[PDB]
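Colleague: Work out the full structure, taking the sequences as your base and the hints as a guide.
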Amino acid sequence: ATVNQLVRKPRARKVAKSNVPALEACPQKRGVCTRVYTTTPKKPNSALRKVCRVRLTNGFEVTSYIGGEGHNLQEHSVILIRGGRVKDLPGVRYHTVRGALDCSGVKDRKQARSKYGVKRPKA
Amino acid sequence: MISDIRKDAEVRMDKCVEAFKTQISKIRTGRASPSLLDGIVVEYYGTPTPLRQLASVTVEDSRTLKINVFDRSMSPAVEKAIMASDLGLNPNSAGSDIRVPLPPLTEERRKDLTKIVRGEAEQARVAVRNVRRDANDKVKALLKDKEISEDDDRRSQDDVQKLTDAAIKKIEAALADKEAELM
RNA sequence: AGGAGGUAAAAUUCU
RNA sequence: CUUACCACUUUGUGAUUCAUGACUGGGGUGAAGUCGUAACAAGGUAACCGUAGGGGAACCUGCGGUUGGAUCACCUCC
RNA sequence: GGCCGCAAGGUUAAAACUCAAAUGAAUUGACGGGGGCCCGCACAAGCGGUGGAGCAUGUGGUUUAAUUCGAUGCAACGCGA
Ligand SMILES: NC[C@@H]1O[C@H](O[C@H]2[C@@H](O)[C@H](O[C@@H]3[C@@H](O)[C@H](N)C[C@H](N)[C@H]3O[C@H]3O[C@H](CO)[C@@H](O)[C@H](O)[C@H]3N)O[C@@H]2CO)[C@H](N)[C@@H](O)[C@@H]1O
Ligand SMILES: [Mg+2]
Ligand SMILES: [Mg+2]
Ligand SMILES: [Mg+2]
Ligand SMILES: [Mg+2]
Ligand SMILES: [Mg+2]
Ligand SMILES: [Mg+2]
Ligand SMILES: [Mg+2]
Ligand SMILES: [Mg+2]
Ligand SMILES: [Mg+2]
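Just so you know, the protein sequences line up as chains AL and AV, in that order.
So the number in the authors' numbering is just where the residue sits in the first sequence, counting from 1, plus 1.
So the number in the authors' numbering is just where the residue sits in the second sequence, counting from 1, plus 1.
Just so you know, not all the hints are guaranteed correct.
When the alpha-carbon atoms are kept at most 20 Å apart in a straight line, the in silico SDA-like pairs for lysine to any residue are as follows [claimed, not checked]: (1) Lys170(AV) <-> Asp159(AV); (2) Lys112(AV) <-> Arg36(AL); (3) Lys81(AV) <-> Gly69(AL).
Pair by pair, the computed Cβ-Cβ distance ranges are [as the list claims (entries may be wrong)]: (4) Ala17(AL) <-> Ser74(AV): 46 to 54 Å; (5) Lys43(AL) <-> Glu44(AV): 19 to 27 Å; (6) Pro42(AL) <-> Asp9(AV): 45 to 53 Å; (7) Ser63(AV) <-> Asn59(AL): 27 to 35 Å; (8) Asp39(AV) <-> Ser47(AL): 37 to 45 Å; (9) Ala167(AV) <-> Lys108(AL): 50 to 58 Å.
If you're looking for bench data, these hints aren't it; they were derived computationally from the structure.
Backbone N, C-alpha and C fix where the C-beta goes; we use that ideal spot for every residue, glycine too.
Modeller: Right under this line is the structure:
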């Protein structure tokens, strides 16, 4: 529009949508499991998807996915939470990291087990 | 006459309380409480029916809870049946006894949970109080149709009270120890 | 060959 | 010793702002529940906008406004 | 929140939250309780039937130790036989 308009009300710029208030923009926060749900995924998919509600460090009560075949944790559990999302089940916005300070890693992983905190068989 | 609604009022009441007892059975306290699982929807290989018809819902301690079973080819089949059922119980497949732990009263549990039972208690009272309302509506009604004597009314309007009062005592004192399972 | 006026009543649904 | 300045603090009374609240209002989302069928074909009463009054619910009804509206074949007369 | 209204409400005007769509015009079909035109024992016009009855035969269900398997609107059911 007018230059005389732009001068008067200059060009706006969208700001941070941030899809993950891990408050201080942190790569991960530490939290306690409020509880450990199971809920069912969005439309075309069907499963029992494992998950936990987690108070962390900064006051935020949130809710995170716990992935991999077979996890083990309960109330007492302090987990480490990292930025994440699951397309099914829209509630989510967060993934629990496997092999951080309490939840443990996946039983009997070999492929891609950096991602599930698993020590090597015996190399 | 009064007779067959004095006994009618009565059954409706002490079966009112035996729903409360029944719905403060589906809560999770600290304590083991096997009647927690002993009212859970579960599938297995043909038809519903609870796990009553399969495993012994026993104990290991106040804070844990063994599941002695017969058949070891449905351990995951029920595990999911239990571990997706509005409780929040992750069962360990330590083998043999599906170890279901009892995570502690987290204080935001000693409270707010407690608030639920003494609310569920209250509505159980209200139901009773309303059996009351009816019971003697029938009384009051069959009076203004001259089939009772004022006296016979009065002695029936109370005594219906005696039924409410006692029936509440059961609600209240069944709640009261159930409160100890956290306080 | 224009205009005119009158000609179908109601009747749902499909992991 | 006193006088002036003045920090801390005090009383009243407004303002402003963040967190919190029984309860409560809608909103969002969640494969297979319950009602009816409002809309899209003329959607079987054209729809829709503003407004107002009704109603389990989609909605219905009046007042104006918009096309972002489907149909001219058969008849009797001219 | 401000301003305006007797009210109904009007005006200025966000946020958390959620989705990977939402939208426009045109295209090809398909549909319409849209319209035009036209066919077929489709109606209409007629003749004799099933549906009732007994029996033959098939099928569903029920039964059974078994009542072997298949065919299920038109286009399965005197069909594979
Ligand atoms: N989803 C958006 C909203 O949907 C609303 O409609 C809500 C309900 O009407 C609708 O419920 C539908 C029901 O309408 C439909 N006729 C039958 C269906 N079983 C229900 O489904 C609902 O419940 C089932 C299980 O109970 C859930 O799996 C599913 O997430 C949910 N859609 O689900 C919607 C909410 O999930 C309104 N259309 C409106 O407020 C808004 O558009
Ligand atoms: Mg229809
Ligand atoms: Mg229906
Ligand atoms: Mg609500
Ligand atoms: Mg309709
Ligand atoms: Mg209409
Ligand atoms: Mg109108
Ligand atoms: Mg012919
Ligand atoms: Mg004929
Ligand atoms: Mg015949």
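Colleague: Broken hints, numbered, in rising order?
Modeller: 8
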